[PDB]
Every structure is written in C-alpha cells, then in structure tokens.
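All protein chains of the complex are present and in place, except for one that has been dropped.
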C-alpha cells in the first residue's frame, strides 16, 4: 500500500527520546490549549477537582518531513504516540498517583510536521477553596500544565495562537466560567528557568442541595429558639423545650460536620450560624433556669419580653448579614 | 499445520497503525451495535451509570484476504487484537480513569476481511437525572461512542444493517427500556467533522427500598403532626410532642441528606414534602406557644379546630400532588 | 541441561494464537471444574459475591508432544502461560473491571499433551438475592464460565471425568453448600451456538450479628409499644412515651436503611416489621390523643383494654409469622 | 567493564522457565523466612490483616556458577528478577486481586549460586478472629506461603537453618507476638503432595479507643438504669426517664453495630452487655408502667426496693464477668 510505505520511509530510525530539532541550541515551539468539556466534581474534603477535558498539543517536527505530490496526496496520517516523540507536559498538582490518559494512543501528523496529539483525560487537580462564602461560594480553581523534566532551553511551552476559548460549560450543579489561559516563567532554581501554562475555571454553585440540607433546618431551628422565651417557667416544658433544641442543634451540627470538610481555613457562614444558634440555646437555657429558680415578685415578664426583643433584633441582623451573600 | 501457515501468510507485514484501506481517499465502513446485558447501578451522587454489556465491531479489511478453497476451508479464524488493526471507538463520557476491557483480546476474521471484534465491558457513563420525580422517576441514560482521534475522513461509523435490538433487560431494581440507536455527525470544529453513535436506556425505578425508607416515615410524621392540634395547651405535652416531631423530622432530614445526592438540580418531591412537614411543625409549635401563653377567654378551641381543618385540606392536597406521580 | 533442550525442541514455532488442533474441523475438548476454597463476602448493596477459589483447566494439545523414553523420563514440566496457547474461558458476570488472576503464570504439561493449568482467583460475580427471608435467607449464587470469543465450533467446554466435588466449605459467617456443575449450551444467535459451565453455591446465613442488630431491638421496641396503652391519659406521659417510641423507631429505621441494600425487590421481613411498629406507634398515639381530649364519662378504660388485647394478639401472630422462618 | 562481562557470560541461555537443577529427578532446596516489620491494620469487617514486611528467599542455582579467582573478586552481583529464575512462593490467602511487590526487582547472587531475593510487601491475608473476648482479645493470625503451581517434586520449600526470629514488633495499637514458622506438606490430591510454611502473629489489643468508646458509655448507661427504680411513679418522670434510656441504648447500639463487624460468629461480650442493658430498660419500664397503673394499698415501695437489690446484684455479677477478661 501507500500508508505502510510512508510509515516505513519516515519511521526509519526515529528514536522516542531524541529531541525533534535540527539545531541543538534551537528549541521546539510546543503549543498547548486545554479545554474542559464537563466538570465531574469538586470535593473539598481533599481539595480535589475532577474535570473531564482534552488537551491540545501541537509542535513542529524536523524529522517528520515528506512531500505529498510524489506520494499521492494523503495529507492526514495517524500515528500512535509510542512510535513518535512526545512532550512531557503534565499537570503539576495531579491528585491521582499516576497521570492517566484516555485515547492518548494515536496522534495525527501533517506533511509539514504539525502533529496535533489531543489526549482526553479526567484531570484531577488541586485548588484552594474559600469556604467563607460556603455554600454560596465562587471558589475558582486553576489547572496548570508544564514540563518538570526539561525546561525552556528544550521546549518553549507556548499558548495557542487562536485563543477563542471563551466558553461557558454550564452544568446542573455548577456554572463554569472559563478564564483565558496565560503563560508564566517557572523558576526551578536561580540558574535555570521553566515554563508553565495556567488556566482558570470559576465555579459558581447553583445547586439547591446545600441550601435545603443546611440553611432551612438551621434557620428554622433559630426560629424555634426565637420563640423559646415565651413559654412560662411554671409550665414544666420550658426546660424540656430548651433541651429538645439542644438535641436538635447537636444533630444538625453532626450532619454539617459529616458534610463540611476537615481541611478548613476560616469557618463557613452556615457553620458559624449553627454555632451561634447553639449558643443562643445555651444562653436562653441560662435565663430559663434563672427564671424558674426565681419563681419558686414575678418580674420575669419584663425580663423575657426585653430578652425576646433583643434576640429578635440581633438574630434578624445576623440573618440579613448571612443573606447578603445571596 | 494450516492455521499457523495462514497466520504466517496473512500477518507478513501488517502494522497495527496503518489504516486498512486500498485508496487513501476512501474510508472504511466500521459498523457498531452496543448491547447492555445487565445494568449494575445508577449512582446519582456522581451521576455515574455502570452497565455490563458487549459492543459489536464490524469493518472490512483490505489487506487481510485469503481464498479458502486452496486453504482447505477454514472460514473462521480467531486473531488477537494486538496483531491486527483496531478502531479507536470509545465511550465519550467514560467515568473510569482508563477505558477498560473484558476479553477484548481476541477477534474473529473471515476470508472476505469481515472481522467481528466483540468486546465485553462494564461501561461507566454519565447521565443527566431529573430528580423531580425521584424516586418514581424515569431518568433516561445515554451511551455514546465515537472516535476522538480520527474522523469521518478516516472511518464512517455506521449502524448495523440489522438493528433488531428492541430488547427489554428487566432487572430486580430497574426496568430497562432499550432505545433504537441513532447516528449523529459530531463537529469538532468548523472545518473538520466527526461521527458518533448514541443509544438510550430508559430506567424506571421499581425498587420498594426508596419509598419504604423515605415516603412512609415522612407521610407518617405528617400524620402525627396532623394530630398535634388536639393536644390541650395545659397538658404540658403539646410542646414536648412538637419538639419530638422536630427531632423526628431532623432525623428524616439527615437520612435524606445522606442518601439523596449532593449534585442536585431541582428539589426532589420527597425532600420538598419533608421540608414542608418540618415547617409544618414550626408553624403549629408557634400556634401552640401562643395558645399556652394566652391560656394563662379560652377561644383556642375554635382556633385550633379551624387550624386542623386547614391543615387537613392542605396536607391532603400536597399528598395527592405527590401521589399523582405514582 | 535437558529441560532447556525440551523447551527449545517443543516450543519452536508455537504461536499463542493458533488453535491447538490437527484437523481444522475438529475441536479441542477443554475440561473445567471450579472449586471455591473460601468465600470472602456477599454484599447485597451491589449484588456482588467475592469468593476465593481455583479453576482447573485441562485440554489436549496436538503440537506439544514428546516421548520421555529418549528424553530421560521427565514427565513433569512447568510452562508459563505467556508462551503456550490458552483458552479464553472467563466468568460471564465478573464484577471487576478486568478479569484478574493469582499465580496464573505457570502451567504444567504432560508428554501426552495434558496441560493442567490451575489459576487461583478472587471471583467477583453477581447474584440474585431473595431477601424476603432476610436475614434468615438462603440466597443461592451461580458462578458461570465460558468463552465469549470462540464457541463450540472451536472448543467443547466440558466437565471433568470425575466430579467428586461434593464438598461443604463451612465458614464462620456462611454455610456453603456446593452444587455439582452443569453444562448448558449458550446461544449467542440463531445460527451460532456457544458453551458454558454453571456451578451453584447455596449460602445459608448462620451469623448472629444481623439478628442481634435488627430483630432484638425491633421486637423489644414493639414490646414497649405494646405496653403503651396502660399509661393513664392524664399522667402527661402517654404522649411523651409515644413520641419516645417514635424517635426510637426512627433511629432504628435509620440504622436498618443504612445496612439494608438499595437494590431491592420484595421488602424484607424485618423491614416490614419495623414499618409495622411505625404503624403501631402512629395508631396508639392517635388513640391516646383521642383519650386525652375525651378526658377533659370516662369509658376509656374498656377502650384501651380491648385495644391492648387486639394489638397483643395481632403482634404475637405477626411475630410467630416472622419466627416461622427460623 | 567487568560486571558487564559477568552478565554477558552467565546469562547466555538463561530461560526464565527452566528449573535451575542439574538432575531432573532432583529438586532445589528453596528456603524461606517471612518477617513482619510493621503491622498496618486488622479489619474484622472483611477479616483482612495488612502487615508490612519482607520475605526472604534462598535457593541454590546450578547454571549460575563462576569463580572469582580469574574474574577479579566481585563476590556481590545484583540481578533483576526479570532475567533470573524465581520460585512461585505466594501467600495462600492473599486479599488483594493481584499479588503485589515492593522493590522485588533486584536480587543478589553469589559465586556459588546462592541467590538471596528478598522482596518487601504489604501482605493482605485472611485470619480467623475470636470476637468473644473483643475488645480484650488475642486474635492470632497466620501467614501461609507455598507454591500453587509446582510441588515438592520440583522444590523443597524449607525453613531457614538459623531461625532466630523471636522478635517483638510492639506497636501503638497492637502487641505483636511472633511465632516460629513451621512447615507442613499440603495435599492437593491423594497422588501428589505440596509444601507450605506457616508463621503466626499474635495480636493483643492494647488500644484504649475501644474501651473508651464502648465499655464506658455502656456501663454508664447501665449505671443510670440501675438507679431508675428510685424515681416515684407519680413524678411523671419515671416513664420519660425510661424512654430516654431507650433512646440512649438505641444510639449506642447503632454506633456499636456501625463499628462491630458483620461477619461474626459468637456475640462479643460488649454487644451482649448492651443487649442486656437494653432488655434491662425494657423490664424496668414494664415494672414502672405497672407501678403507675396500680398507683391510681401502695405497697410498691417494697417492690422496687427488692427489684433494685436483685438487679444490682445481677448487674454487678455480669460486670465482673466482663472484667474477668481484663
């Protein structure tokens, strides 16, 4: 055939380690354009982001060079990567033990050595999450690419000439805002410098799950605690009501802890509000016990009325402070 | 022997990278028919679907050709895939890090190059699930196959001529309705175009587990809350009963949060009903507190009777709104 | 040496793809008998069965043939499978992504071509569980083996001449009853026919863990629920005691749903009894509420006495209905 | 160099399948001594033991034979296992799907063919646990090694001549008692026999975690239940206190069931004590209900005093029955 002849005549002595350059001092302008097609998940327990995407490689090759006119056209040939040279561009903060690939076993070539190896992969990266806004958070994550082994003296990791990648991959759990990728000059040491590509993915949470699971039960428990001071001390249910709120707040705290991650910086607003209704319960149990001991003149009516007013105004201001996020 | 000499004569210089076509401009008509023999699971926590099945490959081969009359019949020979050409048809939204195979190490051949590579695999795909009807939902799943590396200019990914695949794989947990596969012409970019095969599996949930675990306790707590307004204010148990319902609703909310997935769009109907009975408990506890403070003329009888009637009508209408699904 | 000489002389041109037969129309009589030496687990959550065992392969080989008389005896030679032909017999409903092996890297040979390859493996299969009797169930499991690629026209998958495998692998968690293997002729399509070997493992549950965790607390909660009607209505404890039973039943339902699997058909007996004690606490709370509102002539004594009699007889008859299983 | 000359001159025709013996009837005396350097864990949920260690191989080799006198000394050469013959000695109850290795890629050799391959591995084995004494248990586990493929007619799996391996690997979670390895002749069938090596590791639980998490709360709730009969029937708190104990024992039962394994033989002592205190709560709630029923002559004082005495003596005798273990 003809493709077999081309493979025989252009993979004669092509070692998979030799740098595909003519002049040793010259480098190869390896391009890159990473695209995320679907974000899988963002687990804050281990600060892992799992996003499905494809990485667009493109580099010139001095050794791969053939003319189509004598070889009957055939301007598109597909070569597996195991037989041609390959850049070592990998994601720096990969979560997986090994950097895995999907259909990264075949790369197209052109007559002017213009390979377009495009692996697809489930990138598992690390990003910092600011849970101060949690769950109404906008934790932007970063995907980073580059070569750990060789540096700018070997390859010039550059961005694609056409960077029309202003896409919005809207999902059912997150809304994704793509950020135009940039190039930064990494410095392994003082003498030598490396190259790197940064891309940004801004995640805005649009799922109702966390609101329904935390905000509604917590605010409604705060609602019952707001009505705590009304029960008369002699009813023998005031302290029982308070301890019931203790149990309910403890259950909500256990659930939130089961959900909210261990590796945390500042406390989330929902966790703070749950803690704050918990101390609400503590303080108004203090006042209920004081009132019942004093009952056995009865001026406790003014006391718990002003107490109710103070808790109304302070709880509503903390609630609006929390709501200002959304 | 005969098979050994046939292998020697037909694998002389068959590289595993060369496209098996005579004319370079011509393509190879690769067929496909995916069949699901047993669905394993559908985990909505990560929107993953695990289904066991086999995928049927069929393509003509120009190079592999022999006459059986001189070679003593032998119309069926079994060749491992590592020695012959192979299409890169893969599932687009694979959940696994790598696209794994089961007994995809041997493919049959015919004298007119008519290979029948039939891998078996545990396909792990992604689905979009409308949790509104959950658990009485019909979350359809799609399995999509195609070639990421090479495109229509290389292969024509086409459906089987005989598509009698109207089967129903009825399981003990899901009712599976097969959908006749379709072919869609994927467009990687404006200049180049690709091919793809999409199949559908409609999943009907027939498991008693979910409604037993959620609907029964939730409607039961709704029943108990419905009876709350009879408890006299002076009995010192109405508030205790209400806080007991608070604790029960909190426990049901914890179970729902543990089971119902985080990656959620609209709220499920069972979650809505649970939140609705939870705010029910809030409101009728408010009325109980107002009644007990007003007790210490006693018109609360008419008040809680009309209250009970209003909650009868609204609880029955929300319950029948839920039941309209089933 | 002599073993190296034999290997050089009898593995001259032995490709690992050629069918080891003299006449092409003739097939090779591959024997098989799977033996389970220790069952690991049976997880009903994903219908997975993990059993450790060994699979006995035995097939004649036309090509491998030498006389020991001129080769100084030596009737026992060990060959790794990577260099000899191997049947593709695999388990049809494997749960693992790939069909893995243990010490399946060496197979013995005889002078009259009687290879006795015996892999050991952790078989991970699928079972259908009739959990109506759960936990006092007898969920039988089936292990099925055969060749997906090649069929009866290639190999005759048969049982061993002697099938004395009537063993009982009694464990500390399961009673294992082996079933003699059977051969069934699988039909991939109308024109072609395949072969398969099925074996059965009857699993009796002898563990006390599930009993102690579910039946004892459930029946004792039902016991307390039975005593609820004796509490006088005016004691302000009947409603509190009833809601305490409601919370206890809710917690027990949480733990049961945590343990009992999602992929379910008919409801298990313990789950039915738990739902039934939920109904119990609901109904007797209804009657207690009616009694307390009616208290404010007091004929409720006859009412709750006949109520206790009716509920005692129905609870004991349902309890003996459950006990009839064990 | 010189080591390259050794490698060229001793790996001339070294096949990795030939048995390293001169006379075919003779066997090779393969020695072994497994050593555990750090036990990772013992999970009773799946009866798995994860222990880090190294396994010591030692066998004579006929083909490796060279004298240092003409070869400039060099008594120490390191050979990777891929080019040298190795025995198939593998753990008989391996828990992993495949038998994994750590730095089992290089083995030393001597001039008198005395290969000393010493792999390191995380052995994941199966052992039987007597949960009766749990947590104050001494569940000894066994590691068993041998050759599944070939038998005593091929290798004589023997123990090290110097077996001074009476070490104590004391950890922060388990007390490890080493047991001298023994050799047994495994019988695959009646005609042929195999070989095997047993080592024993006795695990004494010295952790305080299980005591603090189960014994303390269970005995403490038992302490509260012991004081239940003092509460007067008319105080309207005896029944509420009893149901609070019901909820407490239910919570401890849930957490214990979450921790205690499913694959269980006889009931653990802590589980038995928890069941005992739970039926304690049932019985004394029965007596409280009867006392309040007769409350509405009051001879109940003698009744609950003698009840307190009898249940105190039986509580303390069961407690000392538990304490006899520790």
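Just so it is clear, A, B, C and D label the chains in written order, and each chain counts residues from 1 on its own.
Simple rule for what comes next: a residue touches a chain if its C-beta (ideal position, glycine included) is under 8 Å from a C-beta of that chain, and two chains touch if they have at least 3 such contacts.
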item: Left-out chain, listing which of the shown chains it touches; value: A, D
item: Sole residue of A:148, A:323 or A:326 that reaches the chain not shown, by the stated touch rule; value: A:148
item: Candidate in contact with the missing chain, chosen from D:49, D:245, D:267 or D:288; value: D:245
item: Hidden-chain contact residue, picked from the options D:200, D:232 or D:265; value: D:232
item: Per the touch definition above, residue among A:84, A:215, A:251 or A:322 touching the missing chain; value: A:251
item: Listed residues D:17, D:106 or D:283, member touching the removed chain; value: D:106
item: Residues in subunit A touching the chain absent from view; value: 13, 15-19, 22, 24-25, 46, 62-63, 88, 90, 93-94, 97-99, 126, 128, 148-150, 153-154, 236, 239-240, 243-244, 246-247, 250-251, 253-254, 257-258, 260-267, 271, 275, 278-279, 282, 285-286, 289-290, 292-293, 296
item: Residues from subunit D at the interface with the omitted partner, ascending; value: 1-4, 7, 38, 40-41, 52, 54, 72-74, 76, 78-80, 83, 96, 100-103, 105-108, 118, 120, 122, 172-173, 207-210, 212-213, 216-217, 220-221, 223-224, 227, 230-232, 235-237, 240-241, 244-245, 247-248, 251-252, 254-255, 259
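Going forward, only the chains that are shown with their structure count from here on.
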item: Overlap residues in subunit C, where contacts from two or more other chains coincide; value: 236, 240, 244, 247, 251, 254, 258
